[PDB]
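Data first, discussion second: the structure below is written as structure tokens.
Note that one protein chain of the assembly has been removed; the remaining protein chains are unaltered in position.
Going by the order they are written in, the chains are A, B, C, D and E; count residues from 1 in each one.
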Amino acid sequence: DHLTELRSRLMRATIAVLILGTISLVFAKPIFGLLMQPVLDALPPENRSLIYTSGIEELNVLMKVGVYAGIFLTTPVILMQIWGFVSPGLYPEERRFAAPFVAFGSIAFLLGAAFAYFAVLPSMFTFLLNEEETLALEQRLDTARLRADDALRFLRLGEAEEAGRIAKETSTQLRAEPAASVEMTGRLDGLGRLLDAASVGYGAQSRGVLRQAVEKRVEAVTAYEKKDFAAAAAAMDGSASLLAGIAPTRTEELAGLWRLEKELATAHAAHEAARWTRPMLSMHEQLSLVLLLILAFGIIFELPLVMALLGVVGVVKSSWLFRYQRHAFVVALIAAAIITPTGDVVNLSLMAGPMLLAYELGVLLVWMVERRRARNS
Amino acid sequence: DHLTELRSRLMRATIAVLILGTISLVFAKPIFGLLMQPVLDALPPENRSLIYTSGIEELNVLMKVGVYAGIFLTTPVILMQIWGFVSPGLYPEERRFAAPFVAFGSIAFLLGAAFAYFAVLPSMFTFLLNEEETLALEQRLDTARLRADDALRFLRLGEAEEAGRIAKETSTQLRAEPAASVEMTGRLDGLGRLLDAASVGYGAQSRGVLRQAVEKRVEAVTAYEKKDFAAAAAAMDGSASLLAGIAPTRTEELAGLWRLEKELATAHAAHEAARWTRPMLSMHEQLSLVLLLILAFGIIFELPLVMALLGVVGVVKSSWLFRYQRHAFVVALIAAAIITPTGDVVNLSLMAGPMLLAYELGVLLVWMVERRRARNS
Amino acid sequence: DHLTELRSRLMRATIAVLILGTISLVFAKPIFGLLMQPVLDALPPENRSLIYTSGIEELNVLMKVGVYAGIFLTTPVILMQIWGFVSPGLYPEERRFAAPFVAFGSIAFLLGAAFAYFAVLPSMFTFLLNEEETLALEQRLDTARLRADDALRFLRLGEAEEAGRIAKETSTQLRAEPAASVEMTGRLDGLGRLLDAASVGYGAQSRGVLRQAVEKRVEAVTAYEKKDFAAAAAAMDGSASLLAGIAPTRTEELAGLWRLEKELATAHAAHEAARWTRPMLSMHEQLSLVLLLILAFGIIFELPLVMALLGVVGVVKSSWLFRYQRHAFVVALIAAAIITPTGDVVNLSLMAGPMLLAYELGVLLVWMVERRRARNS
Amino acid sequence: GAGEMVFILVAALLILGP
Amino acid sequence: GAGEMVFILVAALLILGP
Partner (left out) sequence: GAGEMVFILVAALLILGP
């Protein structure tokens, strides 16, 4: 209805938000680090990083952290404003319960925010930002690459038997647990690695056979330039077969090594074919999500308690809540739209969910309080 | 004007959208894969991937796919609602044509969506997400690097003549078809590669000359630490000149190899100087673009047919359309603004284009139908 | 109040914007390159690149550049419209000053845009998009890696003394100026590099000791597969100790090399632990920021001059400005909200700052002009 | 945005009904 | 958004003219 008192007290809340944001902007960076610790922990250690799209995203993130810190630390102020707004005397034996109201609301919001952070943030960020199936396969592939590297070192030392043994073991382990161009590129890299290892190892005596193997690899590269991947594969197979002649007594062993290389290449291609959705997390989106969660859970823990405390003395009877449930749902949905920075219905519903839950818990608490009062009377 | 029937039937459409979105959310992932197949196919095989900026972008994408699937499969429902909305009796010999109206509108939207997908999506995603000039140069550079690697292997085998021949051929092929620090880094890497190849190859006899070459490379690194790139280039040239002394009879050949390395480094720098706009595609933007295209083309194929079918029986005479053309353009522009999630005028115009085209085709079809009716009469 | 003349002249401004955007769209790419030169220059040479998130971001960027070029080159048109809008005769000895008004406003906007570009853009993009502390550490790490590579080459040449000397010098230089898994991976890579160098160097005589070293490395990889990083570190230390036996007289030297490798690995891990915020700049955000800055500074240089020129003849007395200061601040804030594409209060304030500054400078200039006129009279 | 506005408008017209 | 709103407002005032 009227604006005067509402506008004045909204101005009080706004100036409180401004001053507390000014003070909290000093420690914006430590607060941002604390907020980002859960999401970073949920990320893999090898890719524990966040990207920033814009050049002012540091400034935007710091300003958002300051604004949200101000609005969080002004909750006692808005609680006092709300308590003063409704004060018809309230049977002044019951109007003295101001400090209990403000204190209970403040600790309710603080506990909601703390529980949000500690419980929800690590668990949910583990739920979303973790695959646990492609990561295990990637780790298995990295381990297999390490065993292949060890086999190549054994080859470089002139130990064909140990290299073949390791190659067979790795192939068995991989079997127990893709575009043509990509697979051909991987196979070419594997052939180059095997040729380099053989050149380092048996390059003092069998200099005439590695020359033929390298010529066959050159033929493979030529058949890879003009896309004739069948000829490229045939040339790589011939190169490996000739490479097997550097150690005639361990030919099978060398063959096994080549097989492993091919397998690894194939496997890697399969992995890069399977993972068409890589993570690249952003500063502002993650900050917005974390702040939205904390604010939503603070609302969830505060609105029921504030409503119940009003109902103990009586400012909102159950009749008014039942009459205005639909309008309250709508106004909560508009508030969720305002808070959410992204203009999508999905985020609107995700934000409005906590608001509706808080309202429902509040009305349940009010009804329970009224029933207990009636039973006592 | 009045709300009653409009609001009730809008509620019917909304509940239909909700239920069909609930059912379609089960198959959100296969639908998303089908939608992303064209854009992924347009991407290069080596970088066939999409990134997600936010942790809830999977959920947002799935929810958007479900909502759009619901709004697509509710088109028959909205067609029945529209047909019922206008039914003054319509000379009941002509009011029985309800099922033809709904069926024709439904298949029109389905055909529009299918044609959108199959024709437009691959072709346009090839038009935008493909360079075909920097990719060809990158492939040529990769092939040249492969030939240089083969020449280095030939050097590692002690074959200086073949290595020089391959280096000369690759240099000729590159010639037939950049920051100082970056070029110096690339040249240092090339010198390191050449020194490693020479150490593997002629490291059994010429151990005294590669030592001097490595000392000159150390001088080059020192002159690269403090930015004196002229001295770094001079030291690298001296290192290569000393490396040429490992095989005195093939000095030119070795020189050629070094030249090729330098050329490759230069070329690579040029490429990284030319490509200042790399692709990094996102999940939600690509999904929004694909859904916007499909919806726009469904509108293009449906609105003319719906308008023509109304004109056959007569609900929208040409006079009303001519009178309300400007208001219809405005309302279509607001609808395009609503559908587009990005708050930019460019996307607004891009969306409103199909709407205006659909309206114009509809009015042309209505006029043609009226002219044919007058000619028959 | 009335719409007629305001709407007609707004239509004139809009059609001028449309035609100048149509002409300026021809040269959208060179203008975009000129606009992006400062931000690219502020970026490191090795990562001088910008990413595009969407497939139509080229088209969106070009359209935005064309629209903003049209609105920049239409400033004389809007100046003539404003001058004509207020013309009650203006004591026609003073109404003839139309061309001075339009010319002065046009050059004021042009000078503001030019000063914005040349002064602000390089300096501020250096301030934000430059770390200068992590980049120096990264360069130091790259130099240390280069010295380690030179030491490894010296080892490959059989020169253990020089390799140990370089390793000790690099370790001293690094000392003068992290997850367990990542550090173990880096240490494994360093051990592999050292083993490869030793195999190339002393692989002709000490073939029996490098075999034991490689077996110990295999044990390290096994203890790395099942996460027992303590055993992995012990096995790597044993492998390096055995590798020291290839040259018994230079054992310490080899030990030093291993130490350096470990140190480098540790250092690299620390760096990747410290840098949890990597830059990945986008096309549209950077273009929006640059255009916003140029427009804001053009407003800063134009609005005071336009207001002062109106005050010389008198259309806006100081009384009207003092009365309407609050409403002018609000309307400037709404204008800043409209211009800014991102729906955040931070960008709204950042845009509204220049508008308020321009208004304040304008009112100061008007007051100074009035005071000078009173003193003259 | 426009989507949020159309959503709040749809909700407002929906709660009251015909 | 604000840009879409100003665009629709400009279009509304534009179609009617002076």
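Heads up, the rule we're going with is that a residue touches a chain if its C-beta (ideal position, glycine included) is under 8 Å from a C-beta of that chain, and two chains touch if they have at least 3 such contacts.
J.: Touching the absent chain in the whole complex: find that residue among C:345, C:364 or C:368.
T.: C:345
J.: Which candidate, A:338, A:364 or A:368, sits in contact with the chain we can't see?
T.: A:338
J.: In the complete complex, which positions of chain A touch the hidden chain?
T.: Within chain A, the residues that touch the unshown chain are 3-5, 7-8, 10-11, 14, 334, 337-338, 340-341, 343.
J.: Could I get the residues of chain C that touch the absent chain, sorted low to high?
T.: Chain C touches the chain not shown through residues 326-327, 329-330, 333-334, 337, 340, 343-345, 348.
J.: Considering the entire assembly, which residues of chain E contact the chain that has been omitted?
T.: 1-2
The rule is short, and it goes like this: only the chains that are shown with their structure count from here on.
J.: Have a look at A-C versus B-E and report the one with more C-beta pairs in contact.
T.: Per the contact counts, A-C leads.
J.: Which chain has its C-alpha centroid at the greatest distance from the C-alpha centroid of chain A?
T.: Between chain A and every other chain, the largest centroid distance is to E.
J.: When the centre of a chain is set as the mean of its C-alpha atoms, what distance in Å lies between chain B and chain C?
T.: From the centre of chain B to the centre of chain C is 24 Å.
J.: Suppose each chain is reduced to the average of its Cα coordinates; what separation in Å results between chain A and chain E?
T.: 41
J.: Touching at least two other chains at once: which residues of chain E meet that condition?
T.: In chain E, the residues touching two or more other chains are 1-5.
J.: Two-or-more-chain contact residues of chain B, please, as numbers and ranges.
T.: Each of 53, 200, 204, 280, 334, 337, 340-341, 343-345 in chain B touches at least two other chains.
J.: Chain pairs that touch, all of them, please.
T.: Pairs of chains that touch one another: A-B, A-C, A-D, B-C, B-D, B-E, C-E, D-E.
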